[PDB]
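For reference, the chain that follows is the form deposited without this ligand, supplied as structure tokens.
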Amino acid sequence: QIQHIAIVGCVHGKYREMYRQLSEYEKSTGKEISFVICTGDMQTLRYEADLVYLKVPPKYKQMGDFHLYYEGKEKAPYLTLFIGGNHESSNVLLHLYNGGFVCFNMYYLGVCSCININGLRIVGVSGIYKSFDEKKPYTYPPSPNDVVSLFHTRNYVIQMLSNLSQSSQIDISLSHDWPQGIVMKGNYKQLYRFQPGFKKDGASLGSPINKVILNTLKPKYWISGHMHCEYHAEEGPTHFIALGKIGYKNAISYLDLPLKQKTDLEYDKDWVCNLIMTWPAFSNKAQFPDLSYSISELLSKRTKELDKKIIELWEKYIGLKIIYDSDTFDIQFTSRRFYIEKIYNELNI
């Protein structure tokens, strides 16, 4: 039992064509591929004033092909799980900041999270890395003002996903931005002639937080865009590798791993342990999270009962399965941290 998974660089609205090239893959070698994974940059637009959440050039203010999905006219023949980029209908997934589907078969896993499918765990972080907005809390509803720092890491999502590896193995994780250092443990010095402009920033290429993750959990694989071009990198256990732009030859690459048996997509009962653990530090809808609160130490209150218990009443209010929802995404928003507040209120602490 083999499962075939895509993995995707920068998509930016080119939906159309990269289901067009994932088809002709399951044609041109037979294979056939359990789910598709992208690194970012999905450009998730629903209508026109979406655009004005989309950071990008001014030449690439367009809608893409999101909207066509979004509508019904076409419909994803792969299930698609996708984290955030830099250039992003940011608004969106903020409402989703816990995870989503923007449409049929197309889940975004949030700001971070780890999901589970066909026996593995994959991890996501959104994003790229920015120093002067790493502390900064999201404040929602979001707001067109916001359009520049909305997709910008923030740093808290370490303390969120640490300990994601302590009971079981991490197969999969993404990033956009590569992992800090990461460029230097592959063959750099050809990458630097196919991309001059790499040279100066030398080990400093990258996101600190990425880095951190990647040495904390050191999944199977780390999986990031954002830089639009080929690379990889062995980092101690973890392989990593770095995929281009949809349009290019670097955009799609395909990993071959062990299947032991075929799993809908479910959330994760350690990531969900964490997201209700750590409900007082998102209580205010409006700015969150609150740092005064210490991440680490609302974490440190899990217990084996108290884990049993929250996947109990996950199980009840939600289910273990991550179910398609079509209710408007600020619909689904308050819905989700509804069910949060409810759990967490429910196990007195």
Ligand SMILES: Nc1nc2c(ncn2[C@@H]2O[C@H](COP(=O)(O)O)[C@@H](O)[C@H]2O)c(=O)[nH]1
Given for the second form:
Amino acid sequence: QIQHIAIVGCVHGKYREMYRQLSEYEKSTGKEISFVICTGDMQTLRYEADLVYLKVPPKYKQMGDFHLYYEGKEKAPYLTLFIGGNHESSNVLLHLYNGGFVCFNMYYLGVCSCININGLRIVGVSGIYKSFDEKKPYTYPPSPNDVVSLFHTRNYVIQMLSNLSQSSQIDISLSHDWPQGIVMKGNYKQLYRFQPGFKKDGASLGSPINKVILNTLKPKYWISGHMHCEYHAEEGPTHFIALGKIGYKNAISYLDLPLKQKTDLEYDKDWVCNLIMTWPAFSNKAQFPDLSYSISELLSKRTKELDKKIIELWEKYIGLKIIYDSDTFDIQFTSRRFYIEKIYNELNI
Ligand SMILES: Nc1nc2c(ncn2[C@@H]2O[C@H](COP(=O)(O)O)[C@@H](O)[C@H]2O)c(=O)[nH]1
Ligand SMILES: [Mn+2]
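What does the same protein look like in the form deposited with this ligand bound, given that the last one was the form deposited without this ligand?
Time for the whole complex; same chain goes first.
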């Protein structure tokens, strides 16, 4: 029994084209797509106003396809999971920094998180790396002055994710830019022939943040977009797979994985516990996280019995199933934070 997972690189707002290719696959092969994974540049612009939050050169200030799906005119034929890249409606993604559905069948994993589906554990890390913004907090509500910095990956995600492989392995990890140095771990001479511009960066190509996370969790698969090319590499037990850009034939590939249990999309318990236990660092809605707190120190307080109570409370107020919520994203921001705070304060500390 096997499941077929579509892995997609850069979408850049070409949703109808993406879903067509996926459909062409299910007919070319007669195989069923279980769900879709996307590695960023989703450009989930709801309406014209969101263009302000899209960091692109002027000629790429375009609405794209997403609003069609936001409006219900079009409907995603598959459950689609994604992280953010460097070309996003960053205001929308900041509202949903704790993850959320942007529309039917399209789930954003947030700044970072781990989810559960079909017996698999999947980790996502949004954004691209810029050293000068790695320690920068998020400011809320979103502001047009931060269009150039909202999509930069923060250092703290490392401490947020580092313990996730303690109780079970990670099957798939997602990032937009490549883990730094992994370019040297495939046929890089061949890669440079197709992509001569990459040779200059050498082993420094990619995100040092994703490099750390990969080395720490050692997932079965690490999948990345950003670089506009197909590429495979092996870092120890980890299969690295880079994907291209929609419109070109290197953008989509497929994972054929053993299917033990068919199971709806669910929150990962270990992630949920980290989420609750780090609440003090995220308590200021105007500016988070406050790094006068040590994320590691906060997470060190997790215990078997506390985790059990947390998951019990999460199931009660939110549910383990990740379900579609059609409330505006500003409402979802406040709502999810309300329950995280409620649960933390119920533990007693
Ligand atoms: N040499 C080099 N090129 C990069 C690097 N990061 C991004 N690029 C180039 O910039 C493009 C970014 O595409 P976009 O993010 O606009 O979809 C990549 O496809 C790649 O050609 C990098 O670190 N080094
Ligand atoms: Mn990109």
